[PDB]
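Input sequences plus hints: build the corresponding full structure.
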Amino acid sequence: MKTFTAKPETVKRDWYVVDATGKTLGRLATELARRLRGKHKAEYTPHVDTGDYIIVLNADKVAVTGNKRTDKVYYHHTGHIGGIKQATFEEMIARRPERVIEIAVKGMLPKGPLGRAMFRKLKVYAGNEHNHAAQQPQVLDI
Amino acid sequence: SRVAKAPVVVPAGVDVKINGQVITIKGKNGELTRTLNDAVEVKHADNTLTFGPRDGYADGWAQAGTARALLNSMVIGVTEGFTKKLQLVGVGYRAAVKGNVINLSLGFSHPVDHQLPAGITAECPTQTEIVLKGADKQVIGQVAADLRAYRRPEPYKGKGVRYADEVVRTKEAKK
Amino acid sequence: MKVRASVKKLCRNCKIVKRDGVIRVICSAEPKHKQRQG
Amino acid sequence: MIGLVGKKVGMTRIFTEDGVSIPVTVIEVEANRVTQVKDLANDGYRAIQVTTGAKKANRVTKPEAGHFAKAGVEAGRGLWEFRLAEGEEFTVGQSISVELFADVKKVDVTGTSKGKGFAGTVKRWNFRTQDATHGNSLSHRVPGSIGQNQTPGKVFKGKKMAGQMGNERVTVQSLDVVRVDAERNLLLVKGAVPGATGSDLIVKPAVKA
RNA sequence: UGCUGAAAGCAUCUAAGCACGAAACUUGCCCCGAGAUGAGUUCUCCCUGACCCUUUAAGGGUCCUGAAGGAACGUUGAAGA
RNA sequence: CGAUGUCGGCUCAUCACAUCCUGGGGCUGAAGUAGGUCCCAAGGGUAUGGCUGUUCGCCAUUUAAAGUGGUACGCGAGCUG
RNA sequence: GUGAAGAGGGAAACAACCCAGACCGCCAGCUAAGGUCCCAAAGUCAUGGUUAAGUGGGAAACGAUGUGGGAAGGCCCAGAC
Ligand SMILES: [Mg+2]
Ligand SMILES: [Mg+2]
Ligand SMILES: [Mg+2]
Ligand SMILES: [Mg+2]
Ligand SMILES: [Mg+2]
Ligand SMILES: [Mg+2]
Ligand SMILES: [Mg+2]
Ligand SMILES: [Mg+2]
Ligand SMILES: [Mg+2]
Ligand SMILES: [Mg+2]
Ligand SMILES: [Mg+2]
Ligand SMILES: [Mg+2]
Ligand SMILES: [Mg+2]
Ligand SMILES: [Mg+2]
Ligand SMILES: [Mg+2]
Ligand SMILES: [Mg+2]
Ligand SMILES: [Mg+2]
Ligand SMILES: [Mg+2]
Ligand SMILES: [Mg+2]
Ligand SMILES: [Mg+2]
Ligand SMILES: [Mg+2]
Ligand SMILES: [Mg+2]
Ligand SMILES: [Mg+2]
Ligand SMILES: [Mg+2]
Ligand SMILES: [Mg+2]
Ligand SMILES: [Mg+2]
Ligand SMILES: [Mg+2]
Ligand SMILES: [Mg+2]
Ligand SMILES: [Mg+2]
Ligand SMILES: [Mg+2]
Ligand SMILES: [Mg+2]
Ligand SMILES: [Mg+2]
Ligand SMILES: [Mg+2]
Ligand SMILES: [Zn+2]
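Chains as they are written, first to last, in this note's numbering: chain A, 73 to 214; chain B, 40 to 214; chain C, 80 to 117; chain D, 4 to 212.
A few of these clues could be false.
[As the list claims (entries may be wrong)] Derived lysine-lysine pairs resembling DSS-like cross-links, with alpha carbons at most 30 Å apart:
| id | chain 1 | residue 1 | chain 2 | residue 2 |
| --- | --- | --- | --- | --- |
| 1 | D | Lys73 | A | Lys183 |
| 2 | C | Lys113 | B | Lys213 |
| 3 | A | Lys140 | C | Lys97 |
| 4 | D | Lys207 | D | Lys73 |
| 5 | C | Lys94 | B | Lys176 |
| 6 | A | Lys157 | D | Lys163 |
| 7 | C | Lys113 | B | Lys214 |
| 8 | C | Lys111 | B | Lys214 |
| 9 | B | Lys172 | B | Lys67 |
| 10 | B | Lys210 | B | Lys196 |
Bear in mind the hints are in silico, worked out from the structure with no lab data behind them.
Following this line, the structure appears as structure tokens:
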């Protein structure tokens, strides 16, 4: 016989709501990337997105240890020659706090079209509310 | 340690409200409120506040001794108040008070006006002397530092705003 | 402010204090003695 | 503060009594009429949408004419939109005259500049010409070098090169307003505004004062 | 640079807590900008027919219909290779 | 070594900061003015001529200042020679 | 000793380092170095400590009441500091 493979048509996906208040950033993010990848399912398949849709709320109340709130630095580059930019953690939290979770998970996900498809299922919200009540999402504690 | 072991006796006319780590001390001069560190255990021994290291922490006696000397100062502030005196050394240097503002004339091309905070009341007996009173010690010291900062005293003549108690180490302009 | 690798007490009134990860000598008597390890 | 939509009529001069000639730019400002009021509950921000002038009725389209008919207002040659300050509001069919600028002193004029077409780096970026003699082979107005040798095999972004010059939105700031003639719908500003003669202008009160 | 303040009965700008502080940083000024594929928002306009088939489905075909609008052409432009 | 055009100038520049100016401070054997020195700071700015192939340099006269370096001692499928 | 004339696994990538020497095939199992949060296979294992520096994850003379442990000492309820 041959080893089973999941099929993207017959695969079922579920919805989960995670509250990110007070939780450690990376220890949250690796469980999110685990469940977006689908490595908690027996029908895991590397080339198939078998993960679950995840709504993350209270993203602005995520916690880091140490002095990383003032010392963790998010660099990027605009393409232009001087265009190195820089923002700290608490600046990113005040300015645009969803990016912190998005960046950590994007770094823990695979690189490619499938990893970008896994990232499309991550839906973060700074507040405590969402418009996705129509999908009947279950709660999940991480 | 030696500071934290000595309990702080609340006198009469001093109302004390314990709320978790939040401590409100009222009195005849005003109310003061301070949230302590979670490493500090505070308790009222029927005439005194005592200050112990809460377990599961590290800087126990350090935070306890800080919360001790703080609530001692909060008590003295709400039953006596603090009084910081400043004097002005220099020609043409003067001060005037308008309620909760101070109109300094410190040899600038522009008038200096300083708004007073909430629980701080000032008074000029003389033009070259400022006496300010209030409850919080950190605040009267902060306001006196700000008022000193306009004309920090010159070492060649002692000229400028000084504390009424500090010493001004002078310097001779040699040749 | 002298800024050195070697900061030392220069008089009886010098006091070595670590403010914000930096060894600093402060002297109430002589302002020349104030140092900063860097 | 909101602005008004006018049109560049031309330039002239105002002789003062003192013997000073003030070069002014005549901006006729017809009645800007509002067509839509945008708010926080529907649109997320507070602004108005105005129209001015007239337009041929056979040429104005049914979507556009329904948009003017809902406000109940005569069409115009365009639709512009001005963000509202606080404590400031307007109705829908309201007409706005140039008397709004009756007590302003400086304005910022936004217009579309003249089209220079495809311009070289001498004209566009004010590069120096090379030597017109002393041996120059076919390289009199060229840009010269554009990079460096192998370290970044590549030209950097935003390198100043030739291309389209003009025909773009520019804003001239802090123009002293001279005269406000509400009767013939004019606005005389000191100096030269962008745009050719007969083009639309956006006159807003000066933010830098 | 400080305030209060312990550890370390003092002292101490710091360990807890608080304040000030530069042409740098982020904003504020100007321009581009929803291919921002995370492709967004608002307003307005248009189309309100019949039937056949099988492989029955986001199916195929016939006849009728051809909207809003657009494109094309022409006259052209202080727009433009 | 079955070819990687090697001084200098021109035009184009761009980065570092061990900062020349401007900016903020500390000490001064800092009266003031003007300075010395060190610390922070790279946002912008940062000469024209005579001689010489010159870089450099000297000189003249300016300037807030006339920075130090990297970039195949930047740049010849861009010029010159 | 390896490469040359030697593949495979690891050290990010990395002839010469570490493990180990490819007859062929298998959708079987055990291990080596090295590893076990995710990219990326396997311990968010257990027990007891240390570090607060993102040290780990680049560097000296020298400097410093950082902090943990140990052995000894001299003042001290005849009252120390
Ligand atoms: Mg050094
Ligand atoms: Mg043109
Ligand atoms: Mg020339
Ligand atoms: Mg030729
Ligand atoms: Mg020629
Ligand atoms: Mg490359
Ligand atoms: Mg103290
Ligand atoms: Mg103190
Ligand atoms: Mg500022
Ligand atoms: Mg300026
Ligand atoms: Mg050769
Ligand atoms: Mg060849
Ligand atoms: Mg520096
Ligand atoms: Mg100085
Ligand atoms: Mg510069
Ligand atoms: Mg720059
Ligand atoms: Mg800036
Ligand atoms: Mg010269
Ligand atoms: Mg001559
Ligand atoms: Mg070199
Ligand atoms: Mg060269
Ligand atoms: Mg060079
Ligand atoms: Mg070349
Ligand atoms: Mg050459
Ligand atoms: Mg070439
Ligand atoms: Mg090998
Ligand atoms: Mg190998
Ligand atoms: Mg390696
Ligand atoms: Mg490899
Ligand atoms: Mg092993
Ligand atoms: Mg990979
Ligand atoms: Mg795994
Ligand atoms: Mg564990
Ligand atoms: Zn000293």
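- CA of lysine 210 of chain B to CA of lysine 196 of chain B, is that 30 Å or under? Satisfied, since the Cα-Cα distance of roughly 8 Å is no more than 30 Å.
- Would the pair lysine 73 of chain D and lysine 183 of chain A pass a check requiring their Cα atoms to be no farther apart than 30 Å? violated, 51 Å
- Between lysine 113 of chain C and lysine 214 of chain B, does the CA-CA distance stay at or below 30 Å? Satisfied, since the Cα-Cα distance of roughly 26 Å is no more than 30 Å.
- Query: Under the criterion that the straight-line Cα-Cα distance not exceed 30 Å, is the pair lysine 94 of chain C, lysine 176 of chain B satisfied?
  - Reply: holds, 25 Å
- Query: When you check the alpha-carbon spacing of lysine 140 of chain A and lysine 97 of chain C, does it fall within 30 Å?
  - Reply: This hinted pair holds, its Cα atoms lying about 22 Å apart.
- Would the pair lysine 157 of chain A and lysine 163 of chain D pass a check requiring their Cα atoms to be no farther apart than 30 Å? Since the Cα atoms of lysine 157 of chain A and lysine 163 of chain D sit roughly 23 Å apart, the hinted pair holds (cutoff 30 Å).
- Item | Restraint status (C-alpha distance of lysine 113 of chain C to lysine 213 of chain B at most 30 Å) | Holds: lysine 113 of chain C and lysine 213 of chain B sit about 23 Å apart, inside 30 Å.
- Task: With a cut-off of 30 Å on the C-alpha distance, tell me whether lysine 111 of chain C and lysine 214 of chain B pass.
- Result: Roughly 20 Å between the alpha carbons, so the hint for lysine 111 of chain C and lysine 214 of chain B holds.
- Is it true that the CA of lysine 172 of chain B sits at most 30 Å from the CA of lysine 67 of chain B? holds, 14 Å
- Is the straight-line distance between the alpha-carbon of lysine 207 of chain D and that of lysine 73 of chain D 30 Å or less? holds, 27 Å
This entry does not satisfy hint 1, going by the numbered hints stated previously; all others are met.
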